[PDB]
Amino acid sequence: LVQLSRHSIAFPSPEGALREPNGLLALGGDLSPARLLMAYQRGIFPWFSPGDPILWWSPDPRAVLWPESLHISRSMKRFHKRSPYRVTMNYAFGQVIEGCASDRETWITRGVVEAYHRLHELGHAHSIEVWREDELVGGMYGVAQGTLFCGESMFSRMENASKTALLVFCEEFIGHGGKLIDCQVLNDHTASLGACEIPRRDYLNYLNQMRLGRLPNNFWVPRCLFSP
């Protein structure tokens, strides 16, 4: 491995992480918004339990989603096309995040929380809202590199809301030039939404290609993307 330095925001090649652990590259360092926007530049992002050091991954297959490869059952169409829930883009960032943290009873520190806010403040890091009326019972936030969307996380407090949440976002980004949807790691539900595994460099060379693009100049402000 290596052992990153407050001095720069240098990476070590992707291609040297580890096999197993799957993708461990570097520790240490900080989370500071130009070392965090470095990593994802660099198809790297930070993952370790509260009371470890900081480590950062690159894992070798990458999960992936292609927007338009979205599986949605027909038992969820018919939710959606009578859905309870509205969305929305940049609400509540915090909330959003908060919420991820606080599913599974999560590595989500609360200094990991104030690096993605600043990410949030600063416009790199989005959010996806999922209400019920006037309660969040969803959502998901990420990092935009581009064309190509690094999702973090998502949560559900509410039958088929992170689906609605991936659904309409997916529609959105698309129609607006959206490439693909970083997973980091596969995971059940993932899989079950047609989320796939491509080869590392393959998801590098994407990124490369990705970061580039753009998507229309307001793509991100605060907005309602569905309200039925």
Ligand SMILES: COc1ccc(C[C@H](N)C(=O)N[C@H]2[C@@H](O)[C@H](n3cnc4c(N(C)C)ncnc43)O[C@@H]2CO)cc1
Second form
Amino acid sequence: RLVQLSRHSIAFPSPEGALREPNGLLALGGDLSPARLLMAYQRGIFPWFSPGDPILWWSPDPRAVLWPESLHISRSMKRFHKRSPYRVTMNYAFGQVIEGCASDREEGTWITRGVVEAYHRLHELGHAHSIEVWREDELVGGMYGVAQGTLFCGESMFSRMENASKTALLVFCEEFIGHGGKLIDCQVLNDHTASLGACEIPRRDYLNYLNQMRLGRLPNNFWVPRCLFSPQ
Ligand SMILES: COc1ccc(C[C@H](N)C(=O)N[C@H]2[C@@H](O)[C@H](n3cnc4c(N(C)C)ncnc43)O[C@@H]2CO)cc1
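Return one more block: the form deposited with this ligand bound, after the form deposited without this ligand shown previously.
Once more the chain from above appears, this time first in line as the rest of the complex follows.
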């Protein structure tokens, strides 16, 4: 049971054979090369592990997910946004966002130099993207993830100013839906993400969605770096 990946192949074991507790633990080892990483997202698997541990790959059951249209926005958040003090941009500073998440210290601590360089390559190659939230000239939050057709896999987010990451997601969902976005993978569910409207569906359901959506498509220029929302 369980399995060590080899530097030779880039193949992964079927997600369904993953462990029950720790939920999702499927395999360890391998590397974080673009090819293997990309392969993992294709198969509905993601790497996650603390510093000093060998690479760990997961595919939990259920799976956290967020339907873009079901994003919950408090009435005070709408009030806030209507007169928002933030500027949201896309792919303006991926390196700064991932670094921001990597400092969140509650658990951005798993984002080691190696993981950071790993998703940097995916960003250069055009698979990973980031949404930045600015307060005047300072980056006060954001989120990044691996795009996959009409599905988007959230990796992490951070906030240095009140409601920052909320608007990051708010603005993202609008843009996302408006252009054919269909689902947001939230990996593992937690309090913040759950209050935002995230929910859990069966691993096999998420996997199906994955297969139907990875084939989808968004405008050929959806991810080019641009501003999505400007303050007043
Ligand atoms: C569309 O825009 C976005 C962008 C980013 C996200 C990240 C989302 N907060 C999220 O998945 N937040 C999660 C994950 O990034 C990551 N994580 C993932 N798996 C685990 C795990 N195990 C499998 C044991 N243990 C601990 N942490 C894990 O930790 C965070 C909270 O615990 C969501 C949407």
